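What follows is a single chain, given as structure tokens, in the form solved without the partner chain.
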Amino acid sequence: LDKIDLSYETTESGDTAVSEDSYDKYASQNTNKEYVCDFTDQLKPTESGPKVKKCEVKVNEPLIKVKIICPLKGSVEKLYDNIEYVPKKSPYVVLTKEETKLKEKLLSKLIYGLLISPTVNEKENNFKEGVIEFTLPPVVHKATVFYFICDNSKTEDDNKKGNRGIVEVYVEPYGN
């Protein structure tokens, strides 16, 4: 409905007790002008979990499309039973770092000229459908860093445990 919960608060690590220097960091997959973070495989429970998977999307060129895939609860039995995505209203709402904690923010207020198509393949542009996309504008004047969380770290299969996925989108100035 586009409203932000001003009281909501979280952290990159969540409850995993993993510190930022131990994250499994990795770049997005950048094909022409679509940058993708696919969490299908990265979040399945394993013996070594909980791990933090941090998919880093870095943009400094015009009209890039960002697509984030977060596997749905029950899309495969057992694997994603306890998965949670934050913010619920992504991509309209994102998270940003304010005084060392992650808080909700409107993406359109953060980057002027943002295109959000209401529908992705005739489906709602929302994580409840397993994917979100947006398109960055032709010109950006302010560096900007915002986050998505696709946390499967509360799913357990015996001694196997799912992972917490982070998307860090880092927009730099461009278009001059």
Contents of the next structure:
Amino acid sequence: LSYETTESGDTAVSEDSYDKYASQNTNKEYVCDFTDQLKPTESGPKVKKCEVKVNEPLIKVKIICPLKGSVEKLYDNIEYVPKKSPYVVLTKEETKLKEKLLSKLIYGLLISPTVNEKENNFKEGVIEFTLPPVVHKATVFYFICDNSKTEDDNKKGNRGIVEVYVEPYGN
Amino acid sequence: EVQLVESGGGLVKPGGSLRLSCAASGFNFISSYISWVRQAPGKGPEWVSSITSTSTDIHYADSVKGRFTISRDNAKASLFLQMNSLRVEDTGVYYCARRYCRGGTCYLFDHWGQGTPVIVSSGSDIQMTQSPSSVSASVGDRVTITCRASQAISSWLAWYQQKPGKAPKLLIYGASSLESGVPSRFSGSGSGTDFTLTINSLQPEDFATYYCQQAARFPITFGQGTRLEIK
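Since we've got the form solved without the partner chain here, give me the form deposited with the partner chain bound too.
In what comes next, the whole complex appears, and the chain from above leads the way.
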């Protein structure tokens, strides 16, 4: 671990310039899908920020990140961080993001080894984790699905950010 | 029972036209990514064209751009390649092969059709090199095939087996990972630009041609293959 990056990175973009949207909540399971949000645009590289706000128990979080070659030429230099998600996340230490094991952050958290019979890892498209029934103190951690370095003609991909703001719930 | 069947092959003269069709059965065609892949005489496979399931994003190879047109019909689980302004270099077997994601990439092919031949006659990119060109070897020996890329591709390299008369079949992905069912004698190794395939003990069924393929960046690319012959 011990990898270091920042929200803005090389995009040279401010938080006010982000295009912020909330997760498509689907009953117990909240979802942040970047399938169509990161394709190279002419006005790129934009920044898409998906905000997941869990204020209730036993919420499953699912994050979709398109893969190298799912479509041709449009996700070639795609990178997802942390590479060992969801078991590793990103926290705000100082103003620079650092890697942390998610089980240390939240206790009782349950990560299924497989998702639809394939590994629970961004390398297979999607990651999932089920928050426990009790969270004692507010926690925030981030994921990254960044296609900003992918260039097609004059277009450039976007950088995807997943903010997971968990508030205290339970006794 | 995944099945892809090609049709439309024939003989045409330079400048002529032809139309290929691929019939699919045994899987969800609406969620599948299917490409056309041709193999000319004495050459390894060459990606030609692909189309997303929604038909929104289409891509062609440079050699066939402006002369070929791809299309699909989800309801009838069919894929069409309309070939116009055909040239002698367009001669070869034309496959339709499904795309699947293995490891990190989806620049890999799961199932191939039998291939419909196309005869055209009247009388920048990653170059993959391979070595040797052919080996003949006894049962129980050790053979090592090499594959060199013209650009860095990390471990995004696959190996395909093509037994005489049949389509290729993926054996290794990620340079060193074995697909389901591949025997243990098959070994993969390498990273960056130089890669290697090794069969520790040659059994009679290993008789075939082995192609390497970079799954790193568009466009997909194969090597010229290495023929392996068991004596």
